[PDB]
Amino acid sequence: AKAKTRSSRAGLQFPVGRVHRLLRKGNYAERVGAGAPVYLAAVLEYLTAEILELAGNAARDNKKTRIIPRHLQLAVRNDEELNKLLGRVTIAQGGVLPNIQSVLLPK
Amino acid sequence: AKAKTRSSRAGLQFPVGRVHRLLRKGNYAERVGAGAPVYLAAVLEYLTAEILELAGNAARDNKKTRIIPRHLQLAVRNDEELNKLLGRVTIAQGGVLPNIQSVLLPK
Amino acid sequence: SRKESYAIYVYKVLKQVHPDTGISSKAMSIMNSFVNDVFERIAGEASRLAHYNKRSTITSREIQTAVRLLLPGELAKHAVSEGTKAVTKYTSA
Amino acid sequence: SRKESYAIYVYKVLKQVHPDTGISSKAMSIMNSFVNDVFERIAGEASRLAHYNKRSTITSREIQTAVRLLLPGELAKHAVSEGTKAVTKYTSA
Amino acid sequence: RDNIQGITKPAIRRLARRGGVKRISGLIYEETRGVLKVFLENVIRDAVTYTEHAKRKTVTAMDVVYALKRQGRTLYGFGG
Amino acid sequence: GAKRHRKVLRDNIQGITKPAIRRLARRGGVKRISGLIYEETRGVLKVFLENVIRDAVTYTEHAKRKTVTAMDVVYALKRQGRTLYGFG
Amino acid sequence: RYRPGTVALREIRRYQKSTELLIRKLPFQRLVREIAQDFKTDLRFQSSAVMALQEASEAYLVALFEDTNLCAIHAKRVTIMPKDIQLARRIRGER
Amino acid sequence: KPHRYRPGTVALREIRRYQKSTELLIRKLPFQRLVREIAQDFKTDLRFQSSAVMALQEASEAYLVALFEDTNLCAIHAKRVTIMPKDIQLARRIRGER
DNA sequence: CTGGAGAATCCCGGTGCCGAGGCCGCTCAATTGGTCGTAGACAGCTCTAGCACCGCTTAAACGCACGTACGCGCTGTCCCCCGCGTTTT
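Residue numbers (this note's numbering), protein chains in the order written: chain C, 1 to 107; chain F, 1001 to 1107; chain D, 2001 to 2093; chain V, 3001 to 3093; chain B, 4001 to 4080; chain P, 5001 to 5088; chain R, 6001 to 6095; chain E, 7001 to 7098.
Hints are supplied without guarantee of correctness; some may be wrong.
[Stated by the list, open to error] Here are some of the chain P residues that sit facing chain V, going by a computed Cβ distance under 10 Å:
id, residue
1, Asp5011
2, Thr5058
3, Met5071
[To be verified] What the simulated footprint calls covered on chain R by chain B, stretch by stretch (three residues with Cβ under 8 Å from a Cβ of chain B suffice, anywhere in the stretch; the number is not a length):
id, segment
4, 6005-6012
5, 6022-6029
6, 6038-6048
7, 6053-6061
8, 6078-6085
Just so you know, these hints were derived from the structure itself, not from any lab. Idealized CB from N, CA, C, for every residue including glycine.
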């Protein structure tokens, strides 16, 4: 026939063949389903875009054209869902959300 | 001929063969060295007694002949290194170490 | 030496969301860093459940439930759809 | 059917330290639960350990090393010797 | 239906006593009642997720153990 | 003379300087600082350090090396449940 | 009459060697089933599961109290207040 | 007369600066020798990677940073504005880290 | 309201530059077409346990009085840490 990538077949972008190998060497089970490498791989696309779209948003708010960890730091930590997700993740060079305590504000 | 259990020929108590099976069904890796089940077992008794005699001492101190979940709590929580190991660990019918802060006491 | 990573696919998705935005390399490494993590956390979680029910093969039933276990709230809700849509698309295709 | 645990091996050891001390079932369940964990905690890392050096077979060294990862200080020094002795006793005969 | 209130004040006060509390406010009781729901709801949500995926309609503690660990509170004593 | 021995007082741990400490605190959002903090901080930071470093070194020998790698310490961080992104 | 603050110490002394539950099971049991109703309908509980739940909950609650008590004491008080909980709830990072 | 700012206005300005800044605040040369100091009590004579040497600081800071803001929470609840070690230790104890 | 006044900050246009990003060969991993063993969900049977309720009695809740101790608002007072300009480091 004609070679057609599974990612194309799912209409996805992430390399499922890579992971099905990786799942295969990942020793998570001695056998592995076929749609599982697929099933995860799309959701993989979801979160990256989800973060990437946020990464784009903050990137615009300082009027830059290229995304940086500070943007990444800001985006996820500005997202309560992502921040709850990545609470045990610390970001390299990401910095901190600017936030001064109310009582430190001068009378 | 007459078989001799592996634990005996190491001078131990725990069934190393079970672990060797559990190791092989535990899919931690495709292959298992020969002395590994032994090594892991050796610690197992150690820690196993290491606490038990602590619980025995507490059971002696509460003047009962039988060791209980409360005994399990007290000795573990009274020894610091174990407590570090067992920090995220809850003992059913375990309870609390007795403690009242100094300033709470009357003068 | 050869080193395989995820940059190109991430680069493709970015141009899906922001077709004009650029990207650094360090942040890309972060993305590579991040993907592998969630890659790992799901899979072992996926593994141990199959262990919990004593099964030997990991399918989407396994994958989806842990995604519900792993992703909180709306992401889990929305991503399951993302998973659900692709799977049917693959089986149909 | 037949489901297996560790209480008997516990109880010999009990009689090795306290030859005349009883133990409640609520306690015995606790030990069965407790021992199962401690197995698991190391068991994973050593498995992980093998992956880290791209090696492909678990040995006692990894267990040895893995124990060094968990157990605190002075206790680690004890068991590692005891781990050292038993295999030496095992390997000698 | 107000089963949260079924956790009485002495039920609250006993716990703080075993917690070592000498003197308690009155607003403490409602604060506790709301928060404890959060502990419970989070667990039971995830707990049943096991039960559903395990294809049962009955809640084993073995699920419960699985979850509480998955939260990070490891527990000994109820099967495994 | 007798100047070859006039400065032997490094004793690294103060190398984390008060200006930095306050600079650190200022990024964190503290407005005013006790003076005993500086020393107390030195304790907290160090006691932090080795525990990983121990664990971080703990890897190294097992793979039979002599040069600590970032990836090595990368795993060192994960074990205590504080993960980092960005060094592969 | 005993002066205020004496029985409490005896109460505190009493319970720390006491070990069994401090929450009524049926008020415990009923609340569990109500809450579980909100995710899926028509469940079925093993007493172990509920009991296992109960051990977690009290074990949960007590530790927070100690944290809260520490908060109260640090404010130079002996009377806990909800903000101490919230300050505590914040620092552990589940807030 | 000299134009001195009211004490604290400078600090709030400082607090602003760093919260937009993202760089390290710890000097590299003092930093790594600290680690090179530390390694001796585990194994003699190792050989450090700068990436590793770098990677230390981020954790080093990020850890201590989160410490600070929690410690800042303390004096506020303790109705202060100046931090005490008793605050610092308190959080670590609340962090369960002693 | 309004700032003398200094100082601080943001914004506007130039500069330099090197890294993000397409281009360019190349190989081995991902895709296709074959087999065969087993996993595992699914009907059938089993039966355990889960639920439902009663009824009764007593601990345990519950709804009150009372009294005082502690929470808190407030105010001088004192001293340690905050701004700053050189002088080291």
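Structure-based check of each hint:
no. : hint      : in the structure
1   : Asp5011   : violated (26 Å)
2   : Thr5058   : holds (6 Å)
3   : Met5071   : holds (9 Å)
4   : 6005-6012 : holds (count 5)
5   : 6022-6029 : holds (count 6)
6   : 6038-6048 : holds (count 9)
7   : 6053-6061 : holds (count 8)
8   : 6078-6085 : holds (count 6)
Checked against the numbered hints listed earlier, the structure breaks hint 1 alone; every other hint is satisfied.
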